Amino acid sequence: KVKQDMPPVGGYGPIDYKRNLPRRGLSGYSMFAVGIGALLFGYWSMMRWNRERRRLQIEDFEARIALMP
Amino acid sequence: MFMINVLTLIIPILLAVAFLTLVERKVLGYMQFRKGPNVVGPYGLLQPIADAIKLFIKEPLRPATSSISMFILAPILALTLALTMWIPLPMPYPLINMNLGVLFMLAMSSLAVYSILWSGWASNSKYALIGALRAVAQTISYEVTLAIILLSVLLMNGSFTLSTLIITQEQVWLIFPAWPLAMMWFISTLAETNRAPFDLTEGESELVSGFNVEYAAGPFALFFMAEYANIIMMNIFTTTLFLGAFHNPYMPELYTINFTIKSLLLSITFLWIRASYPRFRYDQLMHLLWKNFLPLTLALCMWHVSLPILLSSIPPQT
Ligand SMILES: CCCCCCCCCCCCCCCCCC(=O)OC[C@H](COP(=O)(O)OCCN)OC(=O)CCCCCCCCCCCCCCCCC
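Here the protein sequences come in this chain order: A and B.
For what it's worth, our numbering labels the leading residue of the first sequence as 1, then goes sequentially.
For what it's worth, our numbering labels the leading residue of the second sequence as 1, then goes sequentially.
Chain B with its partners taken away, still in its complex shape:
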């Protein structure tokens, strides 16, 4: 019964990754004024299976790793984190209801970078090293800021439960009480994934994803997996945190529907932002975070420490 629950959670996020990649290719296609894949199956529904079994079957391809340990560690870690992140996300019901919750997601999201340190470490290519160190740097710098945001927007919940969030949302979406901090936290969600503008790239550039996206073949179908699945997550955790629907018990699938729709549309907006804008150069990015985001986050935060005591509504910890 319980392993049934686990399987029903984790298999559909993988299928969700495949057909997500489909929707990505299409939305970018028409956004670019051209039809996406039609010629694999009808309408493009066989495209993932192509990508899937082929991209699995192309042979391992290079080089001496120098560490047999890490090379087969990092993918397992990246997946395992990407799969367990989905546990607390509320849904009508969490599948594990944790008192703390959201800071558990915050915590594992903080662990997610060892796959980049180790992945980029075992290349034996001294350039992919440097690239990896840098990607760790930007991911980590946006692990600073984001944490403070959750530590603010949550302060209108009154507890970490991640369930009571759906209780706060009943009257008004949390986007209204703070829009700006929600804006900064959206862009923050673009950060770690390194969607455009924040992505690094091919041609001439730091090429972190040059060997990172190149190397490890099938295990690149893994890093591929954890990256897209992690995307769908951060979209969902946005949908839960900064907005949400009314939960009518006796009919949970109603809230499940509405939740699903808004989340999917949000991810759609990721893929079309990536279409939309150019990339920042690296330093302008890092100290764009240090220049402006983090100070204004501090301001809004202290204003949310002082605010609820002003208006005399401070939230009811259960």
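The following block holds chain A by itself, in its conformation from the complex:
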């Protein structure tokens, strides 16, 4: 008969050993640019809302002071 030992048609195809750890492109300083940007949004909006809340504050004190007598 023939022999049943293993090796097949040669090569088993290619195999990739070498190291790969790629792909993060979002990082220049521009990460700072987007974060600091987010701050620049927060202070804008929050500024507005605190102004509004002061307006309400004066209005409430007006309620009280009109009550006082």
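No lab work stands behind these hints, which were simulated from the structure alone.
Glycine included, each C-beta is placed from N, C-alpha and C at the ideal position.
Just so you know, nobody snuck in bad clues.
Label-pair ranges, simulated between beta-carbon atoms:
#: 1; chain 1: A; residue 1: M31; chain 2: B; residue 2: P249; range: 34 to 44 Å
#: 2; chain 1: B; residue 1: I257; chain 2: A; residue 2: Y12; range: 53 to 63 Å
#: 3; chain 1: B; residue 1: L117; chain 2: A; residue 2: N20; range: 50 to 60 Å
Using the hints, position chain B with the ligand against chain A.
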């Protein structure tokens, strides 16, 4: 009626601790690419009751304490603090509405370390002493920093009420006006609990939790309790402080839902961080805090003392 309120507050935080430990074991399980407990009950919902009544029933086990006072003091203190911390947390409504508030939580959180001094003190084992002193050191050093953060991020509220916080959050989450200080305060919340990276450990190490986690059996189910419950807290107090939902009155359970979801997810992130990273060595930790956090906190703070007066929006104390 009022004791009904108390019970409805404190019983569900205990059940929350048990089923929390469940979710911990599972999330770490799959995060580790392996199923968590399935074989206690269906899907793992009977696992806490196992841990509970067993871990209660294993016998007291050692040693002569040398102080009968402290040994039965420290657990009572650790719990009592961990339970009363939950009082002011806003919810739709606080269950005690305090004018000061958040600095009351800060204060009791500062008291929480006597359980470590005394707990580690009554061991009579001179090694567990040293370990305890050190854990007190790191907890205390991060009681420095955190306080300054609250004293900053609050300065956009204008008052301590802890209710008006939900009023500031209406337009924009407080994470946007300061993200970085919120980042530092998240890691600060990792500090006291000593979740990884900040945990101490078994094998070879200072082994503070060696005798601390070993000793006192059932009362270790207590220190266990106050530690996890305290975790759920700091997650919730994060969810309230640095973000939040819109409160629609006439239907508070809406805000309660959204609040709950974000808080739970946050705690999930604790348990999976603990999975994720190694531990710092001790000194590199302590003077990692002293090196970098505290200076930048000072900078951001003074920048939040000077900022609101710049833009002319300074918050409306009621
Ligand atoms: C051998 C040891 C034996 C003892 C063991 C004790 C174990 C537990 C220890 C930790 C617990 C400490 C609890 C401290 C509670 C402090 C409460 C507080 O400061 O509340 C602030 C709040 C302010 O109210 P405000 O919002 O301004 O106004 C309401 C509307 N006008 O205030 C109020 O609303 C007014 C509340 C006044 C009520 C009386 C307070 C008495 C406190 C007694 C403390 C006794 C224990 C001392 C701590 C021991 C620590 C080891």
